[PDB]
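Asks: Produce the complete structure using the sequences and hints provided.
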Amino acid sequence: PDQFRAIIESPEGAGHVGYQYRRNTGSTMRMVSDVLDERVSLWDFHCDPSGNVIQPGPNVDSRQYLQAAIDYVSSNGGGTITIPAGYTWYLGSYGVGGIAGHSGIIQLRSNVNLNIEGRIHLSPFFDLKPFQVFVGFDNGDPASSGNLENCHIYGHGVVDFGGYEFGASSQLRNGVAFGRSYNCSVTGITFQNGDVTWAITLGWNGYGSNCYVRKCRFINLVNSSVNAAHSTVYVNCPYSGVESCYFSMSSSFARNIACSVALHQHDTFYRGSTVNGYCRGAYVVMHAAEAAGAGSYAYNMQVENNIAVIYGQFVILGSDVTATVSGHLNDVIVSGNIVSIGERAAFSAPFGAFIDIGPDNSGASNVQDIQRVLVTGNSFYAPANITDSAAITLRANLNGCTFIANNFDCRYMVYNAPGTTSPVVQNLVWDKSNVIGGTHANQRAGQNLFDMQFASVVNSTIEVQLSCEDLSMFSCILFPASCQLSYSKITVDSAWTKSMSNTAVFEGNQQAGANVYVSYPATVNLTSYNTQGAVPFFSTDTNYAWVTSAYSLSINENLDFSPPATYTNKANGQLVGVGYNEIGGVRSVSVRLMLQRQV
Amino acid sequence: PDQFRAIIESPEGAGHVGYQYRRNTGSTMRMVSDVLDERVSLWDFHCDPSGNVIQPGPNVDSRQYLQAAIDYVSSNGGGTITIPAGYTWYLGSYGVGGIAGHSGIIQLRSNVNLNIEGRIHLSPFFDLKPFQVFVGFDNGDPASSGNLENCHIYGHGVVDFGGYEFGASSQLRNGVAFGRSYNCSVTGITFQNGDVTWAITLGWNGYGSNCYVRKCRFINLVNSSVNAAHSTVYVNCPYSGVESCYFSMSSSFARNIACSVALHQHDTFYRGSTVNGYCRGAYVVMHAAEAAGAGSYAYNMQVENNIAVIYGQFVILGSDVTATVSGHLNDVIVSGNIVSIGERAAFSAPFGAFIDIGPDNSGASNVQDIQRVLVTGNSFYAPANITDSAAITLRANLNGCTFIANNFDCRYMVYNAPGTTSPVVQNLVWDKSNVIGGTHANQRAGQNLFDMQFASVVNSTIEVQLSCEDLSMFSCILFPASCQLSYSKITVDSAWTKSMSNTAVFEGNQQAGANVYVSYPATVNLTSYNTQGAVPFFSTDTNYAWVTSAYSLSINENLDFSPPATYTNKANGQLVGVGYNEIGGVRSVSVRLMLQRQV
Amino acid sequence: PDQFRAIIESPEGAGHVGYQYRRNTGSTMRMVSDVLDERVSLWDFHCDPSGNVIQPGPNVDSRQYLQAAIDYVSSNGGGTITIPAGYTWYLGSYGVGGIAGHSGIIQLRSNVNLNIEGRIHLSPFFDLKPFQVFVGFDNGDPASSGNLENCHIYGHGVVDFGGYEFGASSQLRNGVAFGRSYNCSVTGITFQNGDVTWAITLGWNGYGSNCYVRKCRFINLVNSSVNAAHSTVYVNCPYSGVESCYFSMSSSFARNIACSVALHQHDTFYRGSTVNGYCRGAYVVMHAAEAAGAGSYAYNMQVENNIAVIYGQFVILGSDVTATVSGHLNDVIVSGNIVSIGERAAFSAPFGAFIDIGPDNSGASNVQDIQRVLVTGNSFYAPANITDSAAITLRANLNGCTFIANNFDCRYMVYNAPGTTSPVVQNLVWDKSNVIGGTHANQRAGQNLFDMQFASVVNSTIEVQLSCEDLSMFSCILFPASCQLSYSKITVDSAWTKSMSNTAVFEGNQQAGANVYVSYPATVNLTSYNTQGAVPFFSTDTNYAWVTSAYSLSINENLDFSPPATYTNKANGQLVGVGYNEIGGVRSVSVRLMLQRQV
Ligand code: NA
Ligand code: NA
Ligand code: NA
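The listed protein sequences derive, respectively, from chains A, A' and A''. A prime marks a further copy of an entry chain. In this text, residue positions in the first sequence follow PDB author numbering: the first is 111, and each later residue adds one. In this text, residue positions in the second sequence follow PDB author numbering: the first is 111, and each later residue adds one. In this text, residue positions in the third sequence follow PDB author numbering: the first is 111, and each later residue adds one.
Don't read these hints as lab results, they were simulated from the structure. Any given hint could be a false lead.
For identical chains, the list gives no copy identity; a pair is met inside one copy or between any two copies.
Unchecked claim - Derived SDA-like pairs: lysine to any residue, alpha-carbon spacing no greater than 20 Å straight-line:
{"#": "1", "residue 1": "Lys608", "residue 2": "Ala624"}
{"#": "2", "residue 1": "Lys608", "residue 2": "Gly623"}
{"#": "3", "residue 1": "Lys239", "residue 2": "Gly208"}
{"#": "4", "residue 1": "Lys325", "residue 2": "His262"}
{"#": "5", "residue 1": "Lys608", "residue 2": "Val568"}
{"#": "6", "residue 1": "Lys608", "residue 2": "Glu573"}
{"#": "7", "residue 1": "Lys325", "residue 2": "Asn303"}
{"#": "8", "residue 1": "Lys608", "residue 2": "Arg554"}
{"#": "9", "residue 1": "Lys325", "residue 2": "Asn225"}
{"#": "10", "residue 1": "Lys608", "residue 2": "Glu579"}
{"#": "11", "residue 1": "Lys325", "residue 2": "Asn260"}
Replies: In structure tokens form, the structure reads like this:
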């Protein structure tokens with residue numbers, strides 16, 4: 111009767127108004143409320159205890175309402191909650207329960223997706239405090255946490271950290287901590303305007319799978335000297351990665367502390383992304399302390415087709431150990447990336463490198479087990495003034511890394527600082543197809559292009575090929591006497607080297623070793639016997655006991671004689687060859703030779 | 111009057127309740143039903159004949175209801191049907207009509223997209239039977255089938271095959287058979303828990319275009335010995351591909367039968383994906399029998415930037431013929447992939463390879479027309495115990511394949527089994543920039559690193575470069591007498607070769623051919639005349655009629671004389687050079703030479 | 111009372127019918143209209159002035175209705191307007207206001223996304239006229255335009271240009287002109303059936319950021335001889351790109367005028383896409399005239415992992431200047447692409463090339479500043495008949511370009527037409543790892559594989575390596591006398607060269623320069639003195655004053671003597687070496703040597 115009017119204006123009203131899709135007689139006879147129940151938004155929970163809707167804004171703490179939404183949808187097996195466009199939804203307090211320990215604001219739950227179309231902002235309650243905006247753990251102790259599965263965050267919206275600085279270096283801040291996370295992702299979202307430790311973390315100590323970050327943007331997420339460290343996406347579960355993202359920082363501190371991506375477990379990737387203003391591109395590291403979920407090996411690591419302007423190192427390789435676990439890194443590919451060091455003074459940020467073999471956190475360089483790394487088809491450029499730029503800074507033990515078909519245009523090709531660490535190196539392979547650029551030509555006074563400041567080098571190949579002159583460099587490659595060298599191949603192509611005083615330098619005459627295979631140019635003075643006809647020439651110096659053959663790199667300006675085209679040696683360390691005196695007489699010549707040993 | 115109450119509670123109720131968007135006076139005056147009619151879900155068709163909604167579950171066959179939805183939406187020009195989250199929708203019977211012949215469950219229709227947010231499960235009715243869950247053909251005979259256009263399946267949902275094994279090897283099972291499919295795709299879906307032939311097939315015998323699989327997951331889709339074969343996504347129309355997917359198998363049988371992707375037509379790709387537990391990565395094959403829609407050539411084939419742990423072959427190249435059509439494969443690129451053979455006993459699965467040139471289905475090796483393949487910037491690794499691992503197993507005729515700047519770390523570089531097929535090889539190019547790894551060092555007793563077990567080799571380049579010692583190997587490269595060799599270049603760099611008895615071996619002295627260009631190290635015994643002064647040395651053996659020049663790779667321990675630095679030959683097959691006797695006397699020496707022919 | 115009935119049938123009806131999500135007592139007590147207000151479609155504005163809905167179709171101009179939708183949603187802070195599936199929405203007039211100057215139809219507005227599920231078609235009103243379907247400028251003068259931010263167009267729908275030809279060459283036509291566009295994108299849309307200048311343009315004269323085109327299709331967008339030019343996506347703001355798109359043309363005119371992508375600002379990319387039927391793949395060019403928003407440098411340019419069949423040039427590099435600005439292009443990577451020239455007569459379209467260094471629009475070749483380009487791991491193929499095919503056509507000044515590990519199979523490796531431009535070349539690097547294919551073998555009568563038709567060449571490397579014979583070619587590499595050559599390395603590997611009359615040719619004897627490093631094969635006639643024993647041989651010609659060493663590439667058919675293995679030279683330009691007469695007598699021989707200078 112008039113009871114009907116009352117029902118209709120009541121909350122159950124829509125449950126009494128019939129609907130059948132497109133008047134189709136074969137369709138289900140439903141009620142309007144049933145169709146509206148097919149979707150869900152924050153508006154459906156953003157109300158006071160009387161059920162009246164509350165408008166969001168800077169004086170409203172939306173946290174409890176969003177939590178209620180997620181908890182309720184979780185209760186029905188999942189779904190997608192929309193965070194509506196055209197509004198900014200402020201968060202103003204910590205969550206409670208299991209996420210309390212993680213300084214969590216919102217607890218994510220399995221199968222409950224968030225479609226963020228509007229903006230989520232942190233209120234000043236969080237200034238100078240830690241926070242983790244979305245947390246997937248359900249326990250304060252991550253080891254007793256259940257899992258988070260099938261949770262996807264996506265949309266055109268924004269998460270804005272409100273510009274608040276850290277209160278103390280020891281604090282952590284995150285956007286999305288997925289936890290022990292399986293089939294979770296973040297797509298399309300802009301994370302901005304903060305001072306945080308990470309924007310997103312996938313996995314927890316190897317527990318997790320199939321977590322991805324795609325088409326997101328990360329903008330100005332470090333802003334203070336208080337911030338101890340930053341990796342925008344931290345990939346800590348296997349079969350997981352970052353694809354087609356954009357990362358930008360503009361603070362000075364970001365140039366010293368910030369890394370775009372950290373890959374910490376097997377079968378992870380970082381691809382198709384653009385970085386600007388960061389210290390570092392990617393960490394690729396097996397931390398023993400994070401090896402509980404997916405084992406002790408980081409393998410199948412891929413960094414590909416990225417574009418970066420950074421201030422420190424592009425890719426940092428590592429592994430370490432704990433009292434009970436030893437970490438290992440292997441089967442890595444770095445390819446297709448175009449990377450430059452941004453304009454900066456020499457030494458004004460961490461040492462510029464395409465690849466860095468870094469020591470562990472405690473600075474130890476003798477714990478690493480890094481091998482089967484392929485670095486291929488990349489471009490790297492540093493401005494000419496940046497003394498501290500290298501294709502590779504090899505500062506810790508290396509068990510293998512292979513470079514093929516790259517283009518490196520920076521100050522050093524291989525570098526480690528002297529005095530410092532003395533890395534044990536095996537299976538360092540520098541193929542002849544690496545092109546060494548000319549930007550730093552004339553800047554290398556006192557310096558060695560490949561500065562082999564290592565404890566030892568074995569089973570390695572360095573094939574140096576210049577593509578322009580740099581007569582400022584001390585040598586193309588130098589081994590100090592402290593570096594053992596064995597079962598290696600070291601060659602310097604003669605092109606652009608004719609005027610170099612030193613090409614390859616072995617300060618402990620390591621090139622004499624039984625299984626060292628070398629070649630490089632040198633200038634040699636020779637004197638002949640006086641005999642007319644076929645006549646020997648002999649080097650005046652006796653430094654060539656290790657030489658198997660040598661050949662001329664100089665023309666013969668003489669008519670009446672010619673020096674030998676090719677030389678061998680003698681037991682006293684002289685070179686000897688057979689030339690020709692048309693007319694007799696003692697000859698004396700200075701010739702550029704290619705010295706060869708076992709090659 | 112009270113007629114109004116009745117209208118409102120009726121199915122037409124919502125068609126009588128007015129709505130205007132946001133009270134905007136300029137907006138359309140509509141009825142609620144009009145706005146609800148903008149979307150459509152399974153709920154709108156999942157009802158009994160009285161229009162009452164039916165709850166899904168393991169005792170409800172949702173098939174007819176989903177079919178009705180698709181048929182109805184098809185009738186209005188298309189749209190997107192949501193399969194709601196928070197529910198599992200069981201399928202319990204075969205479809206009828208044109209898809210009956212394809213063992214179809216559901217018939218897809220043009221412009222009707224499915225947004226799968228919940229789960230679709232197969233009921234036990236399908237145990238031991240064939241099925242194809244979604245079928246795009248409209249006729250039992252595919253040749254008389256109409257097309258499927260603009261059909262997209264996407265969402266966060268799941269298709270679960272219920273774990274049922276095949277009933278017989280001859281049965282086929284599929285998830286999505288798109289048919290003659292144009293502008294169709296599958297995005298975001300998890301396919302799991304089955305024993306099937308394929309998860310998705312795109313195209314039919316070259317008919318189709320612009321079909322894609324992106325961000326899907328494929329998990330445990332082979333589970334029995336009954337399963338004859340499996341390719342997770344079968345790409346059988348052009349301008350189509352797979353991108354950023356995840357594939358995983360855990361059964362033993364998958365290691366022997368399962369391939370992640372099959373590319374069978376032109377302008378197809380497979381990229382950015384991760385594979386674990388499969389026998390094979392990708393087939394790239396032009397089957398003559400499937401050449402009706404897009405011609406007889408598979409060209410523009412791309413496999414790039416994938417990550418794989420497999421048990422057999424990463425990329426399998428092929429082509430075959432029928433009585434009226436000859437298949438051809440050309441213009442292929444395989445690049446950026448990092449691939450390893452998983453831990454397994456030698457010979458316990460199909461022979462491990464990065465690239466396999468396979469014979470056709472009937473085993474024929476003389477029908478293939480494969481050329482212009484570029485294999486570049488890949489990494490490959492097999493554990494040291496896996497005897498049956500090769501960069502390339504070349505088991506059928508090859509008309510060209512080019513390898514540049516890869517890193518191969520496995521047992522063989524080039525291999526084919528002896529006795530077996532005798533492939534005719536042209537335009538095999540192995541650039542010097544391929545890095546040969548050391549994992550298998552010391553495992554190669556009795557074996558040849560490049561084992562050229564072919565009928566003939568022409569217009570080919572093998573430039574061998576070691577980066578560590580392996581003195582266990584019989585030779586770096588060996589050609590049996592049965593292999594003709596012409597118009598080729600074969601070189602073995604001397605590095606790490608000084609102690610090798612055999613470097614390159616030509617069992618029929620094929621290196622003597624007019625247009626063979628070779629170089630490799632050998633040890634040679636020489637004896638000099640007694641003359642004081644310039645004095646010839648001559649090899650004691652007469653095996654060097656083919657040598658154009660040789661040079662020393664050994665130092666000269668003597669003071670009183672030196673052997674020649676360089677040698678040529680004589681008509682009787684001796685080497686001859688001019689050295690120097692400071693003091694006269696017959697000299698006799700054993701020297702490591704680099705033997706050179708026309709290089 | 112009966113007033114209630116009236117309210118309910120009124121437009122405010124739904125605002126009086128209560129709803130609470132899933133009967134959840136903790137949910138907001140809302141009205142149906144509130145839930146319907148969460149989404150918005152064209153239907154909500156596609157009405158007459160009385161509020162009655164209008165059906166779209168070929169006689170209805172939907173433009174004003176769509177504009178009203180966008181303007182209204184803009185007014186509320188944004189949202190997403192759906193263009194419904196199952197309908198075609200015709201556009202039939204120009205927009206008004208700021209977009210009038212841009213021949214705009216619809217004005218886009220910030221934060222207002224369009225989800226296009228149905229089809230948008232142009233009505234014949236636009237035949238022979240300019241148009242820009244969606245425009246993001248808000249002023250006729252782009253320089254006084256505000257920005258467009260956070261505008262995304264996406265869905266499964268279509269934009270169809272109605273097949274109308276241009277009315278005049280000077281007209282412009284576009285699909286989406288985003289304007290000064292920040293965080294804008296287009297995803298999933300099919301653009302088809304037109305004669306336009308561009309489908310999408312991102313940015314305006316460097317103003318914009320983070321604009322992307324992904325998973326779109328572009329089909330048959332040039333159709334007349336009237337069309338002056340076409341670039342399907344024009345990327346004119348930084349941090350922007352195209353990914354995973356499909357481009358196809360079928361008209362003849364497209365083969366001559368159409369380019370798939372133009373990258374015109376820094377930190378832009380083009381990846382994962384497939385092209386067929388176009389003249390050109392991508393422009394990578396810094397236009398001085400478009401350098402207002404993001405500076406004068408195009409750097410971090412990436413073209414990767416694309417598949418193309420084109421008729422002209424794959425990647426075109428450029429830079430130019432204006433009276434006040436000089437453009438610069440640097441830090442470019444082209445990698446992983448597989449590209450072929452489609453079947454066509456020689457010279458029937460613009461000259462086929464993988465890379466083209468093009469002159470500016472006015473044809474000037476002396477304004478360019480292009481450097482630090484890496485071209486690596488690509489494949490290129492042209493059919494044997496296409497005389498006009500080159501790895502690189504270098505037609506303008508070049509300051510650096512590096513080629514590593516590619517596979518080029520076309521007519522020329524390096525080419526520029528003689529007579530024409532005389533490019534100044536620096537830092538051209540052609541690594542030995544580039545594989546030169548054999549398709550054009552026997553087609554090269556009168557031609558030079560590397561035809562160095564330049565003003566000068568400095569700091570360059572050309573390492574030629576053949577992998578099959580082509581005895582038709584005039585030379586492997588030729589420098590005309592007009593080309594200066596200095597501080598370079600030029601080498602021709604001897605493999606497959608034994609029968610070549612000319613290998614490297616220096617028409618002005620440029621190989622004699624102080625800092626030229628060269629090697630190549632030649633045939634040389636020698637004569638010996640009659641002396642028994644060690645005996646000199648001397649070349650009969652005096653053309654070898656520049657030779658530092660030479661070595662034999664021929665066997666010695668003689669028993670009674672041997673020519674020298676190795677040679678040096680003399681001041682008169684003869685070669686000289688020491689061989690051996692077992693028996694005395696004057697010897698005369700023709701030998702294939704490897705001539706070497708400073709290498
Ligand atoms: Na040491
Ligand atoms: Na044979
Ligand atoms: Na000149």
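Asks: At 20 Å max between alpha carbons, let me know whether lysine 608 reaches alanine 624 within a copy, between copies, both or neither.
Replies: between (28 Å within a copy, 10 Å between copies)
Asks: Have a look at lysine 239 and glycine 208 and pick one of within, between, both or neither, based on CA distance no larger than 20 Å.
Replies: So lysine 239 and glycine 208 pass the 20 Å test inside one copy only (19 Å; across, 47 Å).
Asks: Check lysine 325 against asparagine 303 for me: Cα-Cα at most 20 Å, and say if that holds within a copy, between copies, both or neither.
Replies: Within one copy, since 18 Å is at most 20 Å while 30 Å is not.
Asks: How would you classify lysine 608 and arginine 554 at a CA-CA limit of 20 Å: within, between, both, or neither?
Replies: within (17 Å within a copy, 36 Å between copies)
Asks: Classify it for me, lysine 325 with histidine 262: is the Cα-Cα distance of at most 20 Å met within a copy, between copies, both or neither?
Replies: both (13 Å within a copy, 13 Å between copies)
Asks: Please sort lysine 608 with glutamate 579 into within, between, both or neither, judging by C-alpha distance up to 20 Å.
Replies: Result: close within a single copy only, 9 Å intra versus 32 Å inter.
Asks: One pair to classify: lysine 608 and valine 568, alpha carbons no more than 20 Å apart. Within, between, both, or neither?
Replies: Between. Shortest inter-copy distance 16 Å satisfies the 20 Å Cα cut-off; intra-copy 29 Å does not.
Asks: For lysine 608 and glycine 623, with the copy left unspecified, which applies at a CA distance of at most 20 Å: within, between, both, or neither?
Replies: between (26 Å within a copy, 13 Å between copies)
Asks: Give the relationship of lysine 325 and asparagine 260 under a CA distance limit of 20 Å: within one copy only, between copies only, both, or neither.
Replies: For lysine 325 and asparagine 260, the Cα distance is within 20 Å both inside one copy (19 Å) and across copies (14 Å).
Asks: As a check of your reading, is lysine 608 near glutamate 573 (CA-CA no more than 20 Å) within one copy, between copies, both or neither?
Replies: Both, since 17 Å and 19 Å are each at most 20 Å.
Asks: Between copies, within a copy, both or neither: which fits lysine 325 and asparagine 225 at Cα up to 20 Å?
Replies: Answer is both: 14 Å inside a copy and 18 Å across each meet the 20 Å cutoff.
In summary, the structure agrees with every hint in the numbered list given earlier.
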